[PDB]
Amino acid sequence: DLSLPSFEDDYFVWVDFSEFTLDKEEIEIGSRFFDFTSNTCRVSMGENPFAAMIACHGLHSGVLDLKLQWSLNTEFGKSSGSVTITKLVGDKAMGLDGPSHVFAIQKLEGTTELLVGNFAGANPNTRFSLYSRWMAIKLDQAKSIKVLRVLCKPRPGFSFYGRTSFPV
Amino acid sequence: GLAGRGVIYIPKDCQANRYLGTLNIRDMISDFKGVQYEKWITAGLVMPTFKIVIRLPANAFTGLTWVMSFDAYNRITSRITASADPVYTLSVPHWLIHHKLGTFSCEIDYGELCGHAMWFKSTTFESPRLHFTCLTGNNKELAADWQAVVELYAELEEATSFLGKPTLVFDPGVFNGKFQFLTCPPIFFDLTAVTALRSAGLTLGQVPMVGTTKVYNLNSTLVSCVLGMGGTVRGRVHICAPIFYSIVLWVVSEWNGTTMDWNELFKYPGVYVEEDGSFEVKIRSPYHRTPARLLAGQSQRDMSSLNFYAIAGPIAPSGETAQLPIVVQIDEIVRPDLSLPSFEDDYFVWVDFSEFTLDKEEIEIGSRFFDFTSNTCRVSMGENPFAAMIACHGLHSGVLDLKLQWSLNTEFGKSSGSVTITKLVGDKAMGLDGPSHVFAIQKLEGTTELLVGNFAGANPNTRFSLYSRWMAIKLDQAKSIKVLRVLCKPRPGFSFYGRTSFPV
Amino acid sequence: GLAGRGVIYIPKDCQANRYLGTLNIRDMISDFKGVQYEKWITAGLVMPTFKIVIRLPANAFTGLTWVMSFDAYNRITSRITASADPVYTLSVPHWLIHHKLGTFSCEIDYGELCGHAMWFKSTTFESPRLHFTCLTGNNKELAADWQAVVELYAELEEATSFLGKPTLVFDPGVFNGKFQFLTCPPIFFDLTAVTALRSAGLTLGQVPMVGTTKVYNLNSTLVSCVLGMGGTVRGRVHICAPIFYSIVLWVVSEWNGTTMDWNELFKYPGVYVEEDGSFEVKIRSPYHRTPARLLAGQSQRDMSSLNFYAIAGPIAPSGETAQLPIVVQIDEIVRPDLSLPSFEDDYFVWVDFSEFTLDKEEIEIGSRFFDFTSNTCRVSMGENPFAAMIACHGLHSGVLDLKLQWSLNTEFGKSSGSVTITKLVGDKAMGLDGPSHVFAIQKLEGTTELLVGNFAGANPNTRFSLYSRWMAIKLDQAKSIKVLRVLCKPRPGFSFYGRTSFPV
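Chains as they are written, first to last, in the authors' numbering: chain AN, 337 to 504; chain AM, 1 to 504; chain AD, 1 to 504.
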């Protein structure tokens with residue numbers, strides 16, 4: 337006799353960035369779904385079953401749809417700059433240019449896809465270096481942002497390989 | 001088999017409105033204890049079909065009529081224990097017990113009338129009661145105090161599910177015209193009067209009152225779902241007096257006052273009532289319909305009414321003094337001429353927040369649809385049929401689509417911050433993160449879904465703590481908002497369990 | 001379903017003959033209380049078929065064997081509460097509980113084993129008990145005290161009659177040769193002995209004793225109905241020790257002593273026993289039969305015996321010290337060679353009255369067959385199988401034909417008066433007059449019938465007061481009588497209910 341599912345087929349919180357100390361901020365994502373750290377801003381990671389499933393398997397692979405939302409710290413009338421989504425294939429150094437995307441800060445939201453995977457087919461739950469698509473979020477007026485929230489929603493067929501555990 | 005029992009004590013002078021007592025259904029079964037009680041301990045959960053039997057010496061010489069009121073959610077108890085107004089006792093499922101008919105019996109499908117299964121060891125939500133009150137009094141006191149015996153018969157078996165089948169599913173465009181448990185408080189005729197008139201208003205969407213207390217109930221709530229109604233009122237009339245009292249009534253419908261000419265009166269399409277029975281009277285009106293509710297300054301008598309004219313009697317032997325009571329029950333509007341539904345399948349107002357005093361404001365919603373309170377801002381709650389339906393059932397469950405709208409208090413160019421919708425599973429302390437959502441204040445509007453429910457399947461109309469999804473609205477620049485309006489629109493299949501009432 | 005329950009506490013050191021406790025069957029059901037208990041209250045009378053289950057952790061390393069004794073008429077309780085001699089515990093219906101087999105179960109048809117239906121509100125005759133005793137002890141103490149759980153399962157339904165079906169109907173010429181509940185007290189072998197002999201007497205009519213106390217029981221009583229028996233003893237042997245104990249036995253029958261020559265011993269027709277199992281051994285005797293009871297100064301070894309020769313072992317690892325116990329059960333004499341019945345279908349002695357001190361003497365019998373006492377004369381009671389059968393059942397009922405005989409103490413020519421038989425229905429005080437009968441003393445003999453029973457249908461083997469026919473013998477010249485002898489002969493169909501025992 338089961339209850340409703342706790343989650344619907346909807347977005348859920350991946351990460352919130354807040355309390356920026358520098359106007360220039362660049363968050364590298366690459367091709368991974370993982371826990372962020374920053375010396376220059378406050379990272380608040382989401383806790384949900386998807387994140388646990390990532391942690392409790394050896395390998396995973398799929399596509400995430402992202403929704404970015406943000407609110408202003410300064411007066412709207414004074415605002416300038418952008419949330420830019422850099423999309424490459426390769427790396428920052430030698431990469432090819434994909435569907436990179438400039439959201440004027442006044443849009444206050446934006447969307448993008450993220451490939452979680454690589455040429456081999458799947459990501460371990462650790463740092464690794466395997467040729468793939470590459471994503472980054474670039475802030476140029478980060479001190480004018482009170483919060484940058486990133487939600488994700490896995491596209492159907494997001495796959496996990498080898499059940500295991502994850503002590504923290 | 002016999003599952004439980006109890007005793008109601010009747011005073012020798014049992015007058016109208018006397019509170020006779022309350023039996024606690026679960027205590028009746030556990031004090032008896034009980035082949036059925038013991039089967040219950042093993043089942044854990046039961047969803048009984050009860051036969052209630054009230055043993056009662058039949059007597060045609062008293063005029064006594066009592067009401068048994070099934071109050072599964074303990075909603076009227078507080079307010080009937082000093083004296084029981086019929087408006088309270090008839091606002092929940094109930095049965096008329098006529099002294100002339102003696103021993104009384106009825107069936108209670110606990111799955112319908114209540115909606116949640118009974119746990120052997122303790123009350124889950126509230127403790128289910130049977131109230132016994134006197135609707136019409138004895139014509140003169142009896143010889144001595146006496147008692148009646150109440151008995152519960154059931155074959156208890158283990159319940160498969162926690163929830164029953166929903167008594168009602170929300171739909172704006174659906175009020176059939178059929179009623180259950182719609183009983184009008186007693187109408188009285190003096191025997192010192194050669195003729196008389198008693199009006200019963202037909203503006204059925206009006207909320208009944210007892211002094212300053214509003215008694216919300218499902219029937220008036222249902223009628224309010226429509227703009228007005230025409231057609232024929234089908235009902236039953238009970239004459240609640242001793243065999244030696246008698247009366248003849250002309251029952252007819254009239255619009256805005258009554259005629260003063262007896263000849264005109266009898267050119268109307270009415271019916272004669274000499275005794276207990278059913279009746280059909282056409283709702284009479286210049287528009288063929290009477291409005292569902294009143295406007296300001298209007299009276300129920302300005303519209304269509306069901307009028308009871310005593311044209312012969314009442315008579316009784318000397319020296320009787322008691323009035324002769326008529327109890328009317330309305331069963332349905334047959335051959336109905338309905339107005340438009342009052343609401344469409346659209347959003348309606350849940351709540352407005354305004355006059356914020358702090359820039360940081362956090363409104364917890366959780367998994368409930370309810371009335372907000374705040375020390376730091378002004379809450380204005382919406383009043384509509386949906387909110388009444390929530391109030392007139394023991395349990396409900398469904399999903400609400402929300403639209404948030406807001407206007408600014410400061411200059412647009414100076415604006416900053418957000419309306420943030422936190423969505424969790426669990427609670428603020430240990431919850432999991434769902435589709436939380438940040439609306440930059442400049443969006444000026446946003447949407448979200450709200451689950452009204454929990455792991456068990458339904459919410460009571462009180463505060464409770466049951467693991468579920470959890471929602472909150474977070475303002476960071478609240479003083480920059482002139483108003484935050486929250487509209488909702490129930491998704492199809494929003495369910496209500498166990499019809500009841502709600503006095504405020 | 002589960003009807004009642006109880007708990008037995010076992011000591012970490014559980015030795016042979018430890019009393020473990022008594023459960024009261026009706027208290028088990030009423031303390032539980034009990035879907036079955038509540039069905040019982042409505043039925044009034046129940047004649048259950050119980051499944052008794054003893055929950056018990058199986059263990060092959062202890063050697064523990066317990067006995068559950070069904071004592072429906074409370075006959076051995078007084079005698080076993082300090083220490084339980086197997087002669088008592090095995091004298092009523094009983095079951096061996098082997099620790100190696102774990103959880104134990106059996107059926108009790110209360111109709112057979114008891115005979116009267118149970119009244120919900122109070123004990124009718126005596127209160128039915130289950131006794132738990134240790135038959136063979138543990139080889140060494142266990143780690144800690146523990147407990148076992150006793151459960152009663154039954155589907156109680158209303159009893160149609162007060163009385164069950166009779167376990168036994170009196171007949172002198174009928175002892176089949178089949179037994180139930182014939183268990184011999186444990187036989188023990190020392191492991192400090194390379195070989196050994198243990199004899200079991202086959203003189204089965206002998207009444208068992210515990211010190212100076214005779215323990216009358218149905219089995220010995222049955223055997224006493226015959227002069228002697230030959231044939232083959234079919235039984236079962238239980239080896240009641242840990243898996244690490246083992247033994248090999250040569251089991252054979254011998255007459256008057258035992259041979260001292262091992263080679264002769266193995267030319268006899270015996271069987272080997274290495275483990276739990278059944279056995280058949282021919283009863284060996286010069287006459288092909290062994291006598292049912294002993295004469296004066298005869299010993300049970302003087303006749304045919306069932307001999308248990310340990311020919312290898314017992315052995316056990318060091319340093320075990322416990323003896324190895326063998327429990328023998330005798331099921332029947334197969335291919336029986338029976339003697340004449342010891343009694344024919346004839347009268348036998350009930351009582352002699354003699355040495356009268358008063359001329360007026362009145363002996364009340366009522367509706368009972370029982371042992372008389374007098375302060376004014378000498379009572380000499382008869383001892384025979386019928387009397388033992390009365391003593392070894394909870395209830396009995398039937399009709400006795402009486403013959404009275406008497407001889408004179410004074411000169412015949414001087415004699416006067418009568419032996420009068422008063423026959424009433426009721427009691428001396430308010431009774432109705434039946435076939436009372438005046439025998440002039442010169443008749444020197446007379447006859448009458450006696451109903452042994454009452455309105456309920458059967459008599460307990462105690463004093464009771466239940467409306468029935470009532471008999472008394474009245475002497476008016478008692479000092480003129482040298483002896484008054486009363487013989488009886490049960491009419492066909494004299495019935496006994498619920499086999500039990502009777503320690504004196």
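In case anyone wonders, no lab produced these hints; they're calculated from the structure. Be aware that one or more of the hints could be misleading.
Straight-line Cα separation of at most 27 Å, BS3-like style, residue types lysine-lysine; simulated pairs [unchecked claim]:
1. AD/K121 <-> AD/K140
2. AN/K403 <-> AM/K428
3. AM/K489 <-> AN/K403
4. AN/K489 <-> AM/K489
5. AM/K360 <-> AN/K479
6. AD/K51 <-> AD/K214
7. AM/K51 <-> AN/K443
8. AN/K479 <-> AN/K414
9. AN/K403 <-> AM/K443
10. AM/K100 <-> AM/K165
11. AM/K403 <-> AM/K474
12. AN/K414 <-> AN/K428
13. AM/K474 <-> AN/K482
14. AN/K414 <-> AN/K489
15. AD/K443 <-> AD/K428
16. AM/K474 <-> AN/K443
17. AN/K489 <-> AM/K474
18. AM/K443 <-> AN/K414
19. AN/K414 <-> AM/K474
20. AM/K33 <-> AM/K121
21. AN/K482 <-> AM/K100
22. AD/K414 <-> AD/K489
23. AM/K479 <-> AN/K443
24. AN/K489 <-> AM/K12
25. AD/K403 <-> AD/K479
26. AD/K428 <-> AD/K360
27. AN/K403 <-> AM/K51
28. AN/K414 <-> AM/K482
29. AM/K403 <-> AM/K443
30. AN/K423 <-> AN/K489
31. AM/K33 <-> AD/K178
Against the structure, the hints:
| no. | hint | in the structure |
| --- | --- | --- |
| 1 | AD/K121 <-> AD/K140 | violated (45 Å) |
| 2 | AN/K403 <-> AM/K428 | holds (23 Å) |
| 3 | AM/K489 <-> AN/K403 | holds (25 Å) |
| 4 | AN/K489 <-> AM/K489 | holds (25 Å) |
| 5 | AM/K360 <-> AN/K479 | holds (20 Å) |
| 6 | AD/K51 <-> AD/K214 | violated (32 Å) |
| 7 | AM/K51 <-> AN/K443 | violated (65 Å) |
| 8 | AN/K479 <-> AN/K414 | holds (12 Å) |
| 9 | AN/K403 <-> AM/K443 | holds (15 Å) |
| 10 | AM/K100 <-> AM/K165 | violated (36 Å) |
| 11 | AM/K403 <-> AM/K474 | holds (15 Å) |
| 12 | AN/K414 <-> AN/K428 | violated (32 Å) |
| 13 | AM/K474 <-> AN/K482 | holds (14 Å) |
| 14 | AN/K414 <-> AN/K489 | violated (33 Å) |
| 15 | AD/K443 <-> AD/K428 | holds (26 Å) |
| 16 | AM/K474 <-> AN/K443 | holds (21 Å) |
| 17 | AN/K489 <-> AM/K474 | holds (23 Å) |
| 18 | AM/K443 <-> AN/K414 | holds (17 Å) |
| 19 | AN/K414 <-> AM/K474 | holds (24 Å) |
| 20 | AM/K33 <-> AM/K121 | holds (13 Å) |
| 21 | AN/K482 <-> AM/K100 | violated (76 Å) |
| 22 | AD/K414 <-> AD/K489 | violated (33 Å) |
| 23 | AM/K479 <-> AN/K443 | holds (23 Å) |
| 24 | AN/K489 <-> AM/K12 | violated (73 Å) |
| 25 | AD/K403 <-> AD/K479 | holds (21 Å) |
| 26 | AD/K428 <-> AD/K360 | holds (17 Å) |
| 27 | AN/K403 <-> AM/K51 | violated (58 Å) |
| 28 | AN/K414 <-> AM/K482 | holds (22 Å) |
| 29 | AM/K403 <-> AM/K443 | holds (13 Å) |
| 30 | AN/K423 <-> AN/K489 | holds (19 Å) |
| 31 | AM/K33 <-> AD/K178 | violated (48 Å) |
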